[PDB]
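Asks: Each chain is listed here by its residues.
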Amino acid sequence: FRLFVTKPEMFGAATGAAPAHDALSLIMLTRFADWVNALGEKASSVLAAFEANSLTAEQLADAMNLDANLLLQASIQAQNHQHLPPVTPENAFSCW
Amino acid sequence: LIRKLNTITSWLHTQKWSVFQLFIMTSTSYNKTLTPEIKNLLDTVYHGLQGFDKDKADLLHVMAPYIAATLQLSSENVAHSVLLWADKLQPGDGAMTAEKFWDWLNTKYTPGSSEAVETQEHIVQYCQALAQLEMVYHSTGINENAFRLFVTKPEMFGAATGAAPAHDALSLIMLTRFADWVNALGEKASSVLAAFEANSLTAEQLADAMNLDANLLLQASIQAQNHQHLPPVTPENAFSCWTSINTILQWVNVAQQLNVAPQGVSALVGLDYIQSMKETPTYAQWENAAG
Amino acid sequence: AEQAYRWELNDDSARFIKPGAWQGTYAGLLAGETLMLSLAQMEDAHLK
Amino acid sequence: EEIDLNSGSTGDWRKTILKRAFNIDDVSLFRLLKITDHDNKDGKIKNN
Amino acid sequence: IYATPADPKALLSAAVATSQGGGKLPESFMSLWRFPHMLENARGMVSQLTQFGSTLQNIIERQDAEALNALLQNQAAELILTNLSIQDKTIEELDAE
Amino acid sequence: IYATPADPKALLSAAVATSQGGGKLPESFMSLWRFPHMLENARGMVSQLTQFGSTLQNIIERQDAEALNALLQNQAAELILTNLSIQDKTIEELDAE
Amino acid sequence: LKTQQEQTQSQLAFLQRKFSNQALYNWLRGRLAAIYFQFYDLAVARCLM
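Chains as they are written, first to last, in the UniProt record's numbering: chain A, 776 to 871; chain B, 630 to 920; chain C, 2276 to 2323; chain D, 534 to 581; chain E, 1985 to 2081; chain F, 1985 to 2081; chain G, 2227 to 2275.
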């Protein structure tokens, strides 16, 4: 919560704007929390890695019990097609 | 391999753990990252051991309650056992020891500062490794002193004698089945495990523990000794080594299942077709076995 | 007390109270008890 | 007919007859013999 | 084909820790008091600190307990709602019968 | 012939103890202090030791209590799972009906 | 019942992040035990004096 208020940038905010207080934003925070609890026990390790740009595919793989290659290929597939917030190797796992 | 997969699968299903629950325990991955929990361990051991002299006391022993403070619900003896196991296993991209660990703490560490020497990674691993072993003690639920015997002398649980205690799915289920065996002994358990420490543990004594006839155990050990095993069974190690006990016990379970003495089991196994290629068993011998 | 100790013996290199009893996580509890160990130690060195 | 009721022994069909008759293994049969006669030092039965 | 709802999933909770550390020791002062008098003064101060410690601790643990208590009351008061409706449906059932 | 499941078994738990012993008495020191003064000094120190004692004890007993609490919430959260699956099978029964 | 699960898990989540943790008492007892041993040695030294 402290991370969100300090660097709203990392939750898709304008980066020059105050962290969001909107219904959309509230649901963002909720789906974030539910996602974290889904991580469960590894969550501290995950969030810690999310603090740095340390967080990667292959590692979230060990966290969510999914195949590493699944997440890596997922990242590739996200990076190739155009999204409203685009995805590049540099921001794929640092920005939520 | 098929036998191994079958056995472990059946065991996990028996004890209600998913494969993942087992992986996080058996395997040597150890994701390196500075978690708040680990930061807290490092802080407690840093401020805790500020003044330490190799001469006055053992490092591990002074250190024990401090890491026990960081891990969830572990006693001091538990923590020490965990440390011996740690130093035996050397868990890191850089092999780790309580000594190397302490060296890095006192040398390069500073509390409440995010940035640190990349060596931390190796050390971070060490920490999660400790937690891992902790689980093994709790997960299998072994007697505390027993767990300590396991880490101190894995030899008596059939290990190589030159190796660090096993961290395997096979050895973990062994630990579980041993714990369960001790609990089957129940009240007599302290007397039993104590006797197993020295060579005090004998048949007739284990007999009084499991409510079985002493002669049943004695005949079982004899019959195990007579036949050749992957780990052989000898009078000297029949009840000092756990593996010999598990074997002799297996002889008991088979015999009690067919409602016959170990004597009968010997004839039955004697009827093996390749083994009796040398001396072909009498028809009359088969009649005897049948009777 | 540490300083007046460092005065009564000519030794000025005496370091008997080390940071930090207080801890950020936790209320900062056990700070006091930890300190009274540091004081007890100081009194031991002084008396010997 | 001498019948070997020793705990650790395989004996004549007679031992087997005793076992079917009583539904007992060699072991419990030996204890049974010990309750029959405490002076029987060796596992022998007169068969009478 | 007869549809089977399959299993009920279990729920997960995250265990996360706070980390805070301090430098921290402030610069010593040279006191015009002799060693024993300052020893016993600082001793007095330390007992007063520890006393505050255990008092503060008690305060927190009691806070946590009153909280857990509030949650319990709130959520029980929420279950009684559905129970009331259940009852409405069973009297409806008796009217059908 | 009708097979009979027979007589559900009891469970056993192990009661085992720790043994630790000490040397332990350290070599005495000769104090430049007179008897009554050192007597009351050791008295003060020992009173502080007993105090650490009762605080430590309280801490242990409360540690164990939080452990028991955690155990309870976990095992109860486990039972609600099978109860949930049961409810679904009884509504399945209502559909059969 | 579904509500009840979300009830219990919620309570359990509390046990996790309530200030009085399992961990808090673990560190608390650990440290206080270390300091208690050291302080015993110092007080028995006094008594011997």
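To be clear, the hints were calculated from the coordinates, so they are not data collected in a lab. Backbone N, C-alpha and C define an ideal beta-carbon position, used for all residues, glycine too. Don't take every hint at face value.
Restricting the straight-line Cα-Cα distance to at most 16 Å, the calculated cross-link-like pairs of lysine to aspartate or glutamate (EDC-like) are [said to hold, decoys possible]: (1) G:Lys2228 with F:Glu2062; (2) F:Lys2073 with E:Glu2050; (3) C:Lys2323 with G:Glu2232; (4) C:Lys2323 with F:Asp2072; (5) D:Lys548 with D:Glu535; (6) D:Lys548 with D:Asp572; (7) B:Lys782 with B:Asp732; (8) D:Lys579 with D:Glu534; (9) B:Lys817 with B:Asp837; (10) B:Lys645 with F:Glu2011; (11) B:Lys683 with B:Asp732; (12) B:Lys685 with F:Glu2011; (13) F:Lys1993 with B:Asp716; (14) E:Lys1993 with F:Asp2072; (15) C:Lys2293 with E:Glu2011; (16) E:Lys1993 with G:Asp2267; (17) F:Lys2008 with G:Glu2232; (18) B:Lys683 with B:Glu728; (19) E:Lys1993 with F:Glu2050; (20) B:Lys737 with B:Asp716; (21) B:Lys729 with B:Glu744; (22) C:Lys2323 with C:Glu2283; (23) G:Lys2244 with E:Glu2050; (24) G:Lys2228 with F:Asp2072; (25) G:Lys2228 with E:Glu2062; (26) D:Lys548 with B:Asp842; (27) G:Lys2228 with E:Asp1991; (28) E:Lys1993 with A:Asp809; (29) D:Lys567 with B:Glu750; (30) D:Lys579 with D:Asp545; (31) D:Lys574 with D:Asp545; (32) G:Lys2244 with E:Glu2062; (33) G:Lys2244 with E:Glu2011; (34) D:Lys567 with D:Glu534; (35) B:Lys685 with G:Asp2267; (36) G:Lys2244 with F:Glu2050; (37) B:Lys737 with B:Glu747.
Beyond 10 Å from chain E on every Cβ pair, some chain G residues (computed) [what the hints assert, rightly or not]: (38) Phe2245; (39) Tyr2262; (40) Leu2268.
Asks: A separate judgement is required for each hint: does it hold in the structure or not?
Replies: Verification of the supplied hints:
For the hint linking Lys2228 (chain G) to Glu2062 (chain F), the alpha-carbon distance of about 13 Å falls within 16 Å, and the restraint holds. At most 16 Å may separate the alpha-carbon atoms for a hinted pair to count; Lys2073 (chain F) and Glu2050 (chain E) exceed this at roughly 39 Å. With a CA separation close to 63 Å, the supplied pair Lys2323 (chain C) and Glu2232 (chain G) exceeds the 16 Å bound. Distance check on the hinted pair: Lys2323 (chain C) and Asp2072 (chain F) sit about 76 Å apart at the alpha-carbon level, beyond 16 Å; violated.
With a C-alpha separation of about 10 Å, the suggested pair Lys548 (chain D) and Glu535 (chain D) falls inside the 16 Å cut-off, and the hint holds. Between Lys548 (chain D) and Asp572 (chain D), the direct Cα distance comes to roughly 20 Å. Violation of the 16 Å bound is thereby established for this hinted pair. Straight-line distance between C-alpha atoms of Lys782 (chain B) and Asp732 (chain B) comes to about 27 Å, which puts the hinted pair past the 16 Å bound. A hinted pair counts as satisfied when its Cα atoms are at most 16 Å apart, and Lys579 (chain D) with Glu534 (chain D) qualifies at roughly 6 Å.
Simply put, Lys817 (chain B) and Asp837 (chain B) have alpha-carbon atoms about 8 Å apart, close enough for the 16 Å limit, and the pair holds. This hinted pair does not check out: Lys645 (chain B) and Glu2011 (chain F) have alpha carbons roughly 56 Å apart, beyond 16 Å. Between the alpha carbons of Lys683 (chain B) and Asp732 (chain B) the distance comes to roughly 12 Å, so the proposed pair stays at or under 16 Å and holds. For a cut-off of 16 Å, the pair hint linking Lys685 (chain B) to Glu2011 (chain F) stands: about 14 Å separates their Cα positions.
For the proposed pair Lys1993 (chain F) and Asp716 (chain B), the alpha carbon gap of about 42 Å is over 16 Å, so the pair is violated. Of the pairs offered as hints, the one joining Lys1993 (chain E) and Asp2072 (chain F) holds, with about 13 Å between alpha carbons and a cut-off of 16 Å not exceeded. Taking the CA atoms of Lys2293 (chain C) and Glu2011 (chain E), the gap is near 12 Å; set against the 16 Å cutoff, the hint holds. Proposed proximity of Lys1993 (chain E) and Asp2267 (chain G) is contradicted: the alpha carbons are some 54 Å apart, above 16 Å.
Note on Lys2008 (chain F) and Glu2232 (chain G): the hinted pairing is violated, with a Cα-Cα distance of about 54 Å set against a maximum of 16 Å. Note on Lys683 (chain B) and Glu728 (chain B): the hinted pairing holds, with a Cα-Cα distance of about 10 Å set against a maximum of 16 Å. For the hint pairing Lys1993 (chain E) with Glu2050 (chain F), the CA-to-CA distance comes to about 27 Å; that exceeds 16 Å, so the pair is violated. Of the supplied pair hints, the one linking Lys737 (chain B) and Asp716 (chain B) is violated, its CA atoms being roughly 21 Å apart against a limit of 16 Å.
Of the pairs offered as hints, the one joining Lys729 (chain B) and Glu744 (chain B) is violated, with about 20 Å between alpha carbons and a cut-off of 16 Å exceeded. With a CA separation close to 13 Å, the supplied pair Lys2323 (chain C) and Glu2283 (chain C) stays within the 16 Å bound. A hinted pair counts as satisfied when its Cα atoms are at most 16 Å apart, and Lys2244 (chain G) with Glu2050 (chain E) qualifies at roughly 12 Å. Straight-line distance between C-alpha atoms of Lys2228 (chain G) and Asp2072 (chain F) comes to about 11 Å, which keeps the hinted pair within the 16 Å bound.
With a C-alpha separation of about 13 Å, the suggested pairing of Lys2228 (chain G) with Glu2062 (chain E) holds against the 16 Å cut-off. Of the pairs offered as hints, the one joining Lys548 (chain D) and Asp842 (chain B) is violated, with about 19 Å between alpha carbons and a cut-off of 16 Å exceeded. A hinted pair counts as satisfied when its Cα atoms are at most 16 Å apart, and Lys2228 (chain G) with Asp1991 (chain E) qualifies at roughly 13 Å. Taking the CA atoms of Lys1993 (chain E) and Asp809 (chain A), the gap is near 14 Å; set against the 16 Å cutoff, the hint holds.
Between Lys567 (chain D) and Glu750 (chain B) the CA atoms are separated by roughly 69 Å; this puts the pair beyond 16 Å, and the hint is violated. With a C-alpha separation of about 13 Å, the suggested pair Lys579 (chain D) and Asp545 (chain D) falls inside the 16 Å cut-off, and the hint holds. Of the pairs offered as hints, the one joining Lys574 (chain D) and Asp545 (chain D) is violated, with about 19 Å between alpha carbons and a cut-off of 16 Å exceeded. Restraint check: the Cα-Cα separation between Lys2244 (chain G) and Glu2062 (chain E) comes to about 22 Å, which exceeds 16 Å; the hinted pair is violated.
Between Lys2244 (chain G) and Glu2011 (chain E) the CA atoms are separated by roughly 36 Å; this puts the pair beyond 16 Å, and the hint is violated. Straight-line distance between C-alpha atoms of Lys567 (chain D) and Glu534 (chain D) comes to about 19 Å, which puts the hinted pair past the 16 Å bound. Using a Cα cut-off of 16 Å, the hinted pair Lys685 (chain B) and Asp2267 (chain G) holds, with the two alpha carbons roughly 13 Å apart. Distance check on the hinted pair: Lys2244 (chain G) and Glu2050 (chain F) sit about 11 Å apart at the alpha-carbon level, within 16 Å; holds.
Only pairs whose Cα atoms come within 16 Å are accepted, and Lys737 (chain B) paired with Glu747 (chain B) is accepted, the gap being roughly 10 Å. Not every C-beta of chain E lies more than 10 Å from that of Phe2245 (chain G), the closest at about 5 Å, which undercuts listing it as non-interface. At roughly 13 Å from the closest C-beta of chain E, the C-beta of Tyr2262 (chain G) stays outside 10 Å, upholding its exclusion from the interface. Against the 10 Å criterion, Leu2268 (chain G) stays outside the reach of chain E, whose nearest CB is about 14 Å from its own CB.
In summary, the structure is inconsistent with hints 2, 3, 4, 6, 7, 10, 13, 16, 17, 19, 20, 21, 26, 29, 31, 32, 33, 34, 38 from the numbered list given earlier, while agreeing with the others.
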